[PDB]
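These notes concern the structure reproduced below.
A single protein chain has been removed from this complex, and every other one stays in its place.
By written order: A, B and C. Residues from 1 in each chain.
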């Protein structure tokens, strides 16, 4: 029987590439999404056309609130309901925008940035562990977490907290055979929202090829960590950044 | 005119040691507290006996909620109200208890552990900056053992990791405003009030430098250094005060 | 045409396992050794018996000296002489013994521990780059480098230097398309000879399975890093440590 994975924020960009690559490796997948319903459904259709009954969708807002724990339990339950098992969890969903220290209320900014990047991953990890082979969790971290973008305090706080969870959960879940690791992009998939000077600016900074990573290149590191070639790896965060984090100001 | 400082969770233990040391150094202090009203007012009294109108208490819950930003703005406002200025913010208040992955609800555990150790610091830092020859700084109480977490303390550890991020992010963003943001990271310092002595000494024997926990004063000494003119170029630095504990393998 | 790899300290233990796995993967290999002449020649014999003309040995002392640069240049030259190309360098060879602060002279301890663990990797890197495809270098680091063993200051200084080399070379060699990464064991392959009681003491410290890594598990991470699935990864150090580095005192 085929193992099953949950991928959060899987309708597009990097999460989509991760879902596709896991599916290509033999996994049945739960495609979690928030607003991108059309793309999520379209992906499930593509994957199921490829192998019957190997993809479902699960919608949820991963903003922090009093109902988040239940939402996270529901996402995990989705995988068990469809597939009878949940082997892999990939915490990819993430809000990202500036929150200057000096439009949304600040409390809403806290809820979204800290929720998606950290609390939800924790609650998902909890539900995943409680519901239990090669079991593992992969968290999408930031290679430049110690050289933060100006004015992105809350995002960066969420991403540091995710490092904490990766390490703490690796330690605590190791007794149950559940590995917990991170994959930490530098820049990958520059937005269409972004100008040509701005994109070029980022690309010129990347030592290895002066270009951003493709989504597939991020997904390759996820595949490695969930594989049997990573059986002794837990609590490790693998940068997939082309050397970007090594470049001083 | 004397500068003024806000210390969170300053009614007892390390926070009090910090408020006391700042006060001795010439600061006027806002003693924030949550449940320890008697301890806070008593400290405020001691300090005002030393110098009149140099201490005030300020009560606030720093659990995450949708009014936390208001609460944090009020704390800073209380320093301006009392003293006409606010030079130093120390983020010391902290909830600490296990939250196993496998009867406070989890919502409450998330709110208290992430609110006190990270979100309140952020919102206080926001309010401190917004409300502004001077020496403005923020000191965050971090964990020296943040990368070797205690078993079953994931939310507390997430909170402290987030506080590293805030220290770095805020150092970067507030530097152009003349506001320095640093950390002090104890290893083991004042042991929990309810801990016994088979266990207190088990923590003590782990510490390379002296086989003993740090005194509150020793933690405060590092805080006083970072707020001082002797640290005028230091920002985004987290100073470990751990007797080498973080260097010891399993 | 088959790519080629130099593995230092490859006659036994972890370097041998890395050489065996690269070879099983399709590489021709230079098996470098210092003293284990017999284990080394036996390994080339066996690999060549499996695929003709795919392994050679190369003897060099990697202690620091004024001749170390020529010795490192010759190692890389030996790979080109045998195979016509040099695609991969694995800096595995390492002296390891205590050097307390309070039979070998200190001169000799410095030369052996700092030479093998840091200066030879640097010179081999230089010769690798100067002599020049998915080109990459993998350095064998320590997962515990920031929680050092008591009385192992020079060994630890070496392994820290190795971290700096991994990062500096990743940055500098990126424009040439050469990736530089690290694999960081916690405990792996305990000396057959170390006492059993001491062995079980190390084993009981590892969160994931309460056992040391196999040599093959370490090699798996090397294989990942030199592969086409790691083409945007440079300057990354992957712990393969079962969470050991995460455990407080």
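Everything below uses one rule, namely that a residue touches a chain if its C-beta (ideal position, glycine included) is under 8 Å from a C-beta of that chain, and two chains touch if they have at least 3 such contacts.
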{"item": "Contact with the hidden chain (one of C:17, C:56, C:119 or C:246)", "value": "C:119"}
{"item": "Selected residue (touches chain absent from view) among B:22, B:79, B:142 or B:172", "value": "B:172"}
{"item": "Per the touch definition above, residue among B:43, B:82 or B:239 touching the missing chain", "value": "B:239"}
{"item": "Touch list for chain A against the chain that is not drawn", "value": "144, 146-149, 205, 244-249"}
{"item": "For chain B, residues in touch with the removed chain", "value": "168, 171-172, 175-176, 180, 208-210, 214-215, 218, 221-222, 224-225, 230-237, 239-244, 246-248"}
{"item": "Chain C, residues in touch with the chain not shown (by the definition above)", "value": "64-69, 100-102, 106-107, 110, 114, 118-119, 122-123, 125-126, 129-130, 145-146, 148, 150-154, 156-165, 167-169, 171-173, 176"}
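The rule is short, and it goes like this: only the chains that are shown with their structure count from here on.
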{"item": "Centroid distance [mean C-alpha coordinates] between chain C and chain B, Å", "value": "44"}
{"item": "CA centroid of chain A to CA centroid of chain C, Å", "value": "32"}
{"item": "Multi-chain contact residues (two or more partners), chain A", "value": "167, 171"}
